[PDB]
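Could you slot chains B, C, D, E, F, G, H, I and J with the ligands onto chain A? The hints should help.
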Amino acid sequence: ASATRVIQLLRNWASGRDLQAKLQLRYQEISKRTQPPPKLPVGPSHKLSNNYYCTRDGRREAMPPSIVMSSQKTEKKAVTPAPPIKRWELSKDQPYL
Amino acid sequence: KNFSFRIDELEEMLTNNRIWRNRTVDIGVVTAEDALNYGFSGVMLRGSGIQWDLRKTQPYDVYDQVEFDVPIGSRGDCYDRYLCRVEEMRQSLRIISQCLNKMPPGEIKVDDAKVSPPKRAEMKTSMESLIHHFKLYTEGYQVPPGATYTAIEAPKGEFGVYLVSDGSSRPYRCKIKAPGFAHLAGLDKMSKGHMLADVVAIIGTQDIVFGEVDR
Amino acid sequence: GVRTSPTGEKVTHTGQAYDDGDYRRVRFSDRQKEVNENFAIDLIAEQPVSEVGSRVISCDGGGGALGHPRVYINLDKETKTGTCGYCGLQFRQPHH
Amino acid sequence: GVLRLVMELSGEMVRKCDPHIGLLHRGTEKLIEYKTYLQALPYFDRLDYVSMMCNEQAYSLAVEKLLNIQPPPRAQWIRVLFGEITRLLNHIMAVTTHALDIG
Amino acid sequence: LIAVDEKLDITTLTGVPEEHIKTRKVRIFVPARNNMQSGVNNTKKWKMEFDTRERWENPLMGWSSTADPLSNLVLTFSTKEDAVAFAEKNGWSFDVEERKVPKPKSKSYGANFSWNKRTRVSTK
Amino acid sequence: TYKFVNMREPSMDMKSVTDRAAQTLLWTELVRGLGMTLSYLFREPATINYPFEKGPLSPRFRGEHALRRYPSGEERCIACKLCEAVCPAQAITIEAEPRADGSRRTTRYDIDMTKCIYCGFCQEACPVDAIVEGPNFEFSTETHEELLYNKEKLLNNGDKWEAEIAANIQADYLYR
Amino acid sequence: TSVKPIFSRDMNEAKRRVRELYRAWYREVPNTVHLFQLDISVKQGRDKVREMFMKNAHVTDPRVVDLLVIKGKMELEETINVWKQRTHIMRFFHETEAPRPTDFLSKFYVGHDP
Amino acid sequence: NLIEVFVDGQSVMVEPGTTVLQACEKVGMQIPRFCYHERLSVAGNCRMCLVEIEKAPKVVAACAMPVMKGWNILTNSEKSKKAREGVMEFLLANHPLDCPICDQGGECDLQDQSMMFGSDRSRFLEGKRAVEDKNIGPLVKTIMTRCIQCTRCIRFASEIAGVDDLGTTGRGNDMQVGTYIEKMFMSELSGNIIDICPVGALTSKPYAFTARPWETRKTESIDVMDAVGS
Amino acid sequence: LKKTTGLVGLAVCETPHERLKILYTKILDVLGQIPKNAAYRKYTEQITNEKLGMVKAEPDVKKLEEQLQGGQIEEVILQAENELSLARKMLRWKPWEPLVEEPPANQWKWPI
Amino acid sequence: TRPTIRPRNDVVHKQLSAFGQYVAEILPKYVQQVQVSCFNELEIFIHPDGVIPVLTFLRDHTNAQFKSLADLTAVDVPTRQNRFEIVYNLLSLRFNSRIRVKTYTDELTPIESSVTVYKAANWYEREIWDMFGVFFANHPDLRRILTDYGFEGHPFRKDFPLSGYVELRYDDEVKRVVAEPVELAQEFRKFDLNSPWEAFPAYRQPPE
Ligand SMILES: CCCCCCCC/C=C/CCCCCCCC(=O)OC[C@H](COP(=O)(O)OCCN)OC(=O)CCCCCCC/C=C/CCCCCCCC
Ligand SMILES: *P(=O)(O)OCC(C)(C)[C@H](O)C(=O)NCCC(=O)NCCSC(=O)CCCCCCCCCCCCC
Ligand SMILES: CC(C)NC(=N)NC(=N)Nc1ccc(Cl)cc1
Ligand code: SF4
Ligand code: SF4
Ligand code: SF4
Ligand code: SF4
Ligand code: FES
Ligand SMILES: [Mg+2]
Ligand SMILES: [Zn+2]
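Chains as they are written, first to last, in the working numbering: chain A, 3 to 99; chain B, 41 to 255; chain C, -16 to 79; chain D, 9 to 111; chain E, 10 to 133; chain F, -18 to 157; chain G, 867 to 980; chain H, 205 to 434; chain I, 67 to 178; chain J, 2 to 209.
So here's chain A without its partners, still in its complex pose:
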């Protein structure tokens, strides 16, 4: 910035942290407003051969929902929608604040 040395000491002591390292204002450390022209890559389907759309058509592979039980139409174990969720583990980086 451009503050006086005494002002910098006062602001560092009042805040308790060195504010010169972390400045809210951007001083020439941002990217240039003018950048060189890019060259974007092509996707995986930009192939001149072996690229028939019938083999890579996501929409046409959709199906109507499968009927599991319909009213019109050895013991069995009880089942759940999914295996029970495993309990979370306390983080080792900083378990408590």
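These are calculated hints, taken from the structure and not from any lab test.
There could be a bad hint or two in this list.
[Said to hold, decoys possible] Straight-line alpha carbon distances no greater than 30 Å define the calculated DSSO-like cross-link-like pairs of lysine-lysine that follow:
#1 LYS38(D) <-> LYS56(E)
#2 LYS262(H) <-> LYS49(A)
#3 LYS75(A) <-> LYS54(E)
#4 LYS870(G) <-> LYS909(G)
#5 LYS89(E) <-> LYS175(I)
#6 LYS159(J) <-> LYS38(D)
#7 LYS68(I) <-> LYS96(B)
#8 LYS159(J) <-> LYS950(G)
#9 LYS422(H) <-> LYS56(E)
#10 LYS(-4)(F) <-> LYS68(I)
#11 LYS16(E) <-> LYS103(J)
#12 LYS973(G) <-> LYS34(E)
Same frame as chain A, but now just chains B, C, D, E, F, G, H, I and J with the ligands:
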């Protein structure tokens, strides 16, 4: 780089302030069962203590390739919710750092010109690309018939879309489930035995956006 | 080619001018009528005719991806000149 | 600014709260029904206007799940990065406006 | 489980004004195939649409103004019976047009080359 | 993984009790907040001197609409109505007829700027890059009517901002 | 043919509920006039309530009557709790709408509407 | 009597002499087509209707192939999809980029069938052909660069209008549909060549550039200009 | 032993094993009033017996919680109470009779 | 690998099918149909009178702890006799799963309110009533929630016009806001966008 200091400056003014603790502590306390059943999601559940988060339980996009912690409250009040939000900001900073480190190269849209519009050069040099651009920007791609309910962990909780398609290029039905709707419905439960300022604090900690509430 | 209508009102490039008995001219009182002075038809007529030695010529409007979609024009009929209809540009095959 | 609250108090306590929502209802769902899938994206962009890209991501995920297609990895990483940026925005707004209401 | 023999009249519940309830004649029809295209996927469901009303020009900008709320209202029904039931329970007047399917035709490529018939073509 | 934010029992030893009692009687955290605010007071403000200084923008910025021309002067629009097809707000009204020389050109092109949501779909759908969103954003008016642009107004905007619009399109046409 | 009831098994209970709703609306007109500072008289409010009740007199299905009285109770609840403004109460009285003629000659003169 | 055929494994009874395309119509499947019109003679040249029989090694043209007893028609087979993609690839390879300036834009059978039964990409790196436009009267505007040489206008002209003035002059890729001489195709039924043309090669001159199909509202009425009551 | 269960409003139970045994017994004896052929009775009896055996064969609280895979043992107790209440309600409802009524001909058909 | 096609989870599909069979066997009196979509979503179609028992079972059962009510909405399909389609989305945190329950209902048929089972059902059913006209029998407080006071009609029905029937403006004669019949300066332009060619052969209906 220059944001953790901002978070620390924010915390210096509110976290340990006795006035803020008086205004937020033990106000709007909601139990875990009541929060759930009233239909709560996200920060409300985490403050009440329920270890639930969509980004970790039902990952979407590449959220399963990043490491972050889920803040958990203990008393289920405004102060705990505020602490959870601050820690969520820090964890989002960590996730941003990881994404910046591990950004991959490649294309930015699906290479399927029947869904994603082709590039302008291809459209101006290719007949198929021109036809697909024309059709996509006039009629729109058709979606197979069906109905889906997809929910994500938006910053205010579980934000869900129930989309019903009849096979046309326009959606037949679109229900929008906003997290703030259930929270504002439960506002009356949380405001029992409090005052006007406490009601204001409860609304603030519920973080209601009336745009998403009303739609 | 901005021409003035009988009522003293400028005529736009689309041949628009309110009639004598039209009440809608009141909106221009104490104000002005927005008319673009440059006429695209007049300018494209002022543009010359390019001559190339081929039966089929490709036009993309100039600039590549900044122009219009590339089209091919057949320069066979000597009665007229082949006109790219995106940019309205005339091409011709040498005769004499 | 679009909230109407009917409160029954007992001296100082609050005995009943009734939020009268509906002051910002615009028939977004019916408008979406009348639009196409691409033309309905800004409607989600304008639903929760502190988490705009989060709403866009949710709608995009729904439409992609219906279409049975998959975004490229770079697109997924960009979506996650900007979702986290939008989460920072939303949390900042929430905490700061909470404090602004309380002092 | 009470018993009643009414005709399922929800006119007083729909909230539509009596003018638009009693002065509207809807058309229950299968849309005709667009002659500019050969596809027949738009001629499979019955459509219910209302009668056209006045549309004038805006004095400013010359836009197409209107005063008929039901001008853009088009409903899709699977069967004529369902469409007629909906129209009857909503109380609007209606006229129903029967479906016009294309009749089957006899086509033979060998008929283009006939020894003694007029179906012989002069070109390919 | 997860973590606890407010689960930490303070110690009950005499030293900690005395420290907490001193914090209660002597407003230590309040003094800390005052010091932070004083530091922010002595920091430099982040205010720009508008209108003499302008906030940063990008070539992708969407503002006032404009209709462009070819270098030959012929207008780029070919009356294709993809504008009207793709506009989410239905803010574009287009009417066309063959020109005197037989070209496919518009006779009416109106944009309702009070209905437009400035979403930028119209310039994505243009096959000839005719309609663009110019960088101008200071076109506030004192009446509702002045925001109902027509073909003449849009062509005037294009002629007025052609240099800047062309520069922005040149700078950001490789990403599209 | 056979359907489940809402509130009334037959028309007598529906008529009883209609009478109760009419009593409730009748006893609230002066209070509504006083609270909203309406410029109308109490007699005009009573006549408007009577007119609103009489425009559904042709309903014969008990379920439709039950839904109508439920909606009427909702509207009365909105009025008693002063949730509505003077705006809606006066919206009941079409006051700024021009009188549309109901004769063939006038309808022919004004425009194409039937 | 009626013979039994199979479409995608579903049995259907059809009259003798019925074609694969009509059997698919009976079962509800619409085979893609460019040159086939039910009210015209069969051409079989566009090759867009190629379908696969269950055990046959070569695909057949559904518009001109009578069904045999016991045949199973695989409409959604891999071979059928690849054949449709190839035919559409050829058509769009030689077609011009005129969709925005074309009156057939939103109601084009080439665009719709390209988006349904076609590929989304082009590997054609060569230069396209250009054909000089003809003049056949003030009612029909001809931009013959968009013609796909489907010969619908020739067959319609001959059979329906009794006017044998349209035909194909040339050979190979240079084959052109036209009148050769500058004769104008004038008849009492000359706009139906505008209707039946699947592309914008023949378009209504009075209607040129005025509007787009998605904007217009369709009202079904009858014609009052004579006693036919069309 | 634990100071807090971690959930607001969920108090710590000092005697979890006895409470679990009582709740499981009350669930089992209520299900005796449901017909044996009912599909609901078999599954809930099976799961209750599977969980009841774990309680009787595990004295350690942490090991019992690990075996049950139902989270906190207080959560397990609350789930047992909810299951007992549901069993009573289902006994009142009797949802084992055949279907009340089939839907109309085309009711769930989609798209339509 | 296929980059442009979404992956499929046969394990989750089988688990959802098994749970659907389980619930159908447990509740034969109300469950009419069970479906599993190809993107792994379980749907249960039940009789409208079994809403309370089915929801109570799916909330309190040990293997079916769907404690959270994710959403509650209705879909209007005029062609059906029972046009309204009430949909319940339930979330189970214990097993990390979601379920969908569907119910049919016409204009005049009330439904039992689920406020006893789930508390969000209060406002969700209020919104459903306000927007469609579906009535819930045992609701603590049923009234309009989103629409304006005195609003006539249910906007989300497919037979309700987009712009409504009335509009608001300030009238200087009466010094208040008034409601007058709607009259648009520019009419909404209806676009016919459906293509005349079938796009998905998998969903093709019988020719009837
Ligand atoms: C003029 C110079 C300015 C320099 C200072 C700069 C400005 C500093 C001002 C910042 C203050 C911010 C505003 C403060 C508003 C709130 C103040 C406040 O909260 O104080 C209340 C505070 C605690 O309240 P709670 O914790 O909320 O109650 C819970 C009880 N368990 O109570 C108080 O009374 C504060 C104490 C004030 C008196 C302190 C006396 C200390 C003890 C004196 C011992 C000496 C006795 C003398 C005998 C000596 C024998 C030898
Ligand atoms: P007797 O039983 O013969 O009574 C005669 C009638 C015709 C009422 C019969 O009871 C009868 O058979 N009626 C037909 C069925 C029926 O009861 N219909 C009535 C429907 S209830 C209804 O419509 C009530 C809703 C009206 C709410 C009015 C709102 C008040 C507006 C006030 C505006 C200004 C006030 C300040
Ligand atoms: C709907 C959300 C995104 N918006 C906000 N208005 N939250 C809010 N508490 N913000 C705020 C701003 C200024 C004032 Cl004076 C008082 C409150
Ligand atoms: S920016 Fe969007 S809303 Fe505005 S005119 Fe363009 S397409 Fe329409
Ligand atoms: S998209 Fe371009 S060419 Fe088409 S109408 Fe708009 S400005 Fe004109
Ligand atoms: S005929 Fe069809 S494919 Fe050819 S330019 Fe016209 S719209 Fe495009
Ligand atoms: S002009 Fe049209 S109808 Fe005639 S052959 Fe060409 S594409 Fe077919
Ligand atoms: S439709 Fe059969 S080959 Fe053309
Ligand atoms: Mg044509
Ligand atoms: Zn050109």
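How the hints compare with the structure:
| no. | hint | result |
| --- | --- | --- |
| 1 | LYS38(D) <-> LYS56(E) | holds (20 Å) |
| 2 | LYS262(H) <-> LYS49(A) | holds (27 Å) |
| 3 | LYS75(A) <-> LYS54(E) | holds (29 Å) |
| 4 | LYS870(G) <-> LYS909(G) | violated (39 Å) |
| 5 | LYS89(E) <-> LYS175(I) | holds (17 Å) |
| 6 | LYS159(J) <-> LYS38(D) | holds (9 Å) |
| 7 | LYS68(I) <-> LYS96(B) | holds (27 Å) |
| 8 | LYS159(J) <-> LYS950(G) | holds (28 Å) |
| 9 | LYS422(H) <-> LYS56(E) | holds (13 Å) |
| 10 | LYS(-4)(F) <-> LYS68(I) | holds (27 Å) |
| 11 | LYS16(E) <-> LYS103(J) | holds (27 Å) |
| 12 | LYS973(G) <-> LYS34(E) | holds (18 Å) |
Hint 4 alone, counting from the list given before, is not met by this structure.
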